[PDB]
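Below, a portion of the complex is reproduced, with chain positions unchanged.
Chain naming follows the written order as A, B and C, and within any one chain the residues start at number 1.
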Amino acid sequence: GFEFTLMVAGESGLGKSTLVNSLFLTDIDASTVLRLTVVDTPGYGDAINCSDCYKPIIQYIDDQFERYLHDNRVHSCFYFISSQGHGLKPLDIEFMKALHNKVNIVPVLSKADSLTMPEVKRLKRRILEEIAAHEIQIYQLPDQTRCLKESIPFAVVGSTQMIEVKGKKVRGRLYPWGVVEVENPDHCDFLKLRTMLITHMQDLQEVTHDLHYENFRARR
Amino acid sequence: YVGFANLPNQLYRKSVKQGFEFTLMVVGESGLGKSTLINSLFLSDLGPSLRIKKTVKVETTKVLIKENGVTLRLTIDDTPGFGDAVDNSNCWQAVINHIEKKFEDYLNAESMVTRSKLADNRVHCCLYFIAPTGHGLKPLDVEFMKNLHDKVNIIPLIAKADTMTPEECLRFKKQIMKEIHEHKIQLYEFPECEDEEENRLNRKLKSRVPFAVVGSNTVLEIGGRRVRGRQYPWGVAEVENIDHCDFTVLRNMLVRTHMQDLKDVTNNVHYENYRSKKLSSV
Amino acid sequence: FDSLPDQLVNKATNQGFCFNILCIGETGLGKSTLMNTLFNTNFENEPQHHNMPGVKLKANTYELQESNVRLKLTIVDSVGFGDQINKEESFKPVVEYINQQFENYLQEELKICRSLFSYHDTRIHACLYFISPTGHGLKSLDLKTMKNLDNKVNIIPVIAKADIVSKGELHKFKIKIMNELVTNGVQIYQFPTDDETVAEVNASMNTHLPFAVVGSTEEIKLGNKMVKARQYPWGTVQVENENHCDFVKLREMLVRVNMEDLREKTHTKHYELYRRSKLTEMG
């Protein structure tokens, strides 16, 4: 059927490779794997002065889009937000602002396992007020959206592990102090992300085709 | 909790390896029991009392005295023969020059570009001896206290305190006190520190100065227990009971109650007062 | 006749002690909570905003009483560090703070009419580096600042938010951390490796650097010993537990055993090097 591509960007160590391998159950780098083309950017954030970097990623999608005009375009851009902060880092906000009109983004909270109940609520509220303050127009999910936008940017945990729990092979990170669980739908919310990715793949593709391409076709 | 209270333990442990340095000077006429009192004060056989002779230059002695894990590098400054000579005018110049040379050495060592841990050499306390005349201070003693008290810590001691009936010790001690007040010789300072307990301790210590002190090196026993003192055909002049003598209070103040305090006054007052006189002259 | 420690500590108690800590790391790494849980007293450090354009230094001074000891504690938190786009000149303000403290001390010591012992020691004695828990290796900024700062202040690498990392990945991160440190030739502040008989005690800790710390102010009720812990919906993480996190190692080293060691290394080792450089450049 469709041949969905994928942009995954973020600072090093934010669990990008782990999450992409866990989500699709399969292991600038444009790797071709329904044909997936996971476009994972290796060098972004760890550099001494990461000022230009948001241009080459902008450069590549423009090259990808113009080549198609001349379906391998990048349709979704999973951007990762570090759990450490009380809000959004300048690099994160700048990348979202300068990348949201080329590829359609999905804000996602990296490593949700850092935050408690009131803390995850507070951080999510802060992200909501900040995106509504900088006027950040993320991809709006088609209309139960209340507990999505309560959770958006989806708190996520990614782990290529089958930790044993209750005699079941659960996707979970260990530690030395109680295991965490991926499928548990209380506030891990990876279930929400996978479910609605699967159930609005077509909508994602259509909005990418009819809005971002059309805007580019007006740009070119 | 929180452990801010264990910092004194760390100070204690760091103080062990370095070692404390003390530099004590003893000043008085020859034969006045200086070396002997030093020997009895530190409970150590440092005996130059059998060195019946005159001297030439300032005598300084380096020793290491260790007890309870604490090591004292001790520089004892016994003055040369002074006061014994016929011409005693300006006999304190050797002592003053020694003090200034020690201060200058330490300050110059501090001022250099390259610095190790500064090897202190300043004299910290000075014990002056009063001849037990029973009438009043000699003019030499008054002059040398006047010329000395502004440069290092001075403590006056009544040598041969066993020569006086208690009434005469009473009269002599308050005669000396009146002379001290009238010449305005401020002895080891205790001006007006705002702390209460320590201030009353030090004001009750001032009221006893000068100290009736006897030195010796004997171990005589008295019927019932072993004591420390001297023998006369009529009794044992005792060093360790307050009724018979006042050595205990002098040793307490000098060593076990104010010795670190003496060092602080030396560095923070006497060195600093010299330093402003010296450095401003530079 | 050698009971001088008693009178020494008596004058010290009549005076009280002083200490200075610097907290350097990226914002959101958990410095304020860890410093509240290190002294167990709620310093009012409000929720900030990342929009700080450059590295700034916020200093808070407190008087802490325990038993008979009064301690003047000066915490200095670096805010805005490691967030902006231009991360090249981020290591200058910390350098300038340390050098300014040393300059003040040098000017006061070289003053003609000194102020006796009244030198309020503003020299930053301890410096805690907070390293992001990424599982791969040092950032370029981290290595740059750590190398540029290890020769001015006593630097202690500490992994922030250790609860994120698992034990295997924590140890892997430790091994590439020390590999990068030795490769780039940085002399991370070592506790005395050959200290007579305490040599083993202060060399094992040197081998255990960098630490991994967890902090919490929420007093939670586990057993009849209500503790300092963070209660995630999947489990409770203890701040003061040797099995979980190495916060107690940091507290032991920084508070109970090695305060005066840090002060002495600040005075004898670093400040005198600063003195030599300044006097050589003085003329």
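Keep this in mind: a contact is a pair of C-beta atoms (placed from the backbone, for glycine too) under 8 Å apart; a residue touches a chain by one contact, two chains touch by 3 or more.
Counting every chain in the structure file, the complete assembly comes out as A x2, B x2, C x2.
Everything that follows uses one rule, which is that only the chains that are shown with their structure count from here on.
Rounded to a whole number, the gap between the C-alpha centres of chain B and chain C is 45 angstrom. Rounded to whole angstrom units, the spacing between the C-alpha centres of chain A and chain B is 81.
Taking the mean of the C-alpha atoms as each chain's centre, chain A and chain C sit 36 Å apart.
By the touch criterion given at the top, residues 12-14, 46-51, 82-91, 94, 111, 113-117, 173-181, 186-187 of chain A touch chain C in their complex. By the touch criterion stated above, chain C contacts chain B in their complex at residues 1-5, 7-9, 11-14, 17, 38-41, 64, 66-69, 71, 112-114, 116-117, 251, 255-261, 264, 268, 272, 275-276, 279-280. Listing the residues of chain B that touch chain C in their complex gives 1-8, 10-12, 14-15, 20, 42-43, 67-68, 70, 72, 113-115, 117, 195, 251, 255-261, 264, 268, 272, 275-276, 279-280.
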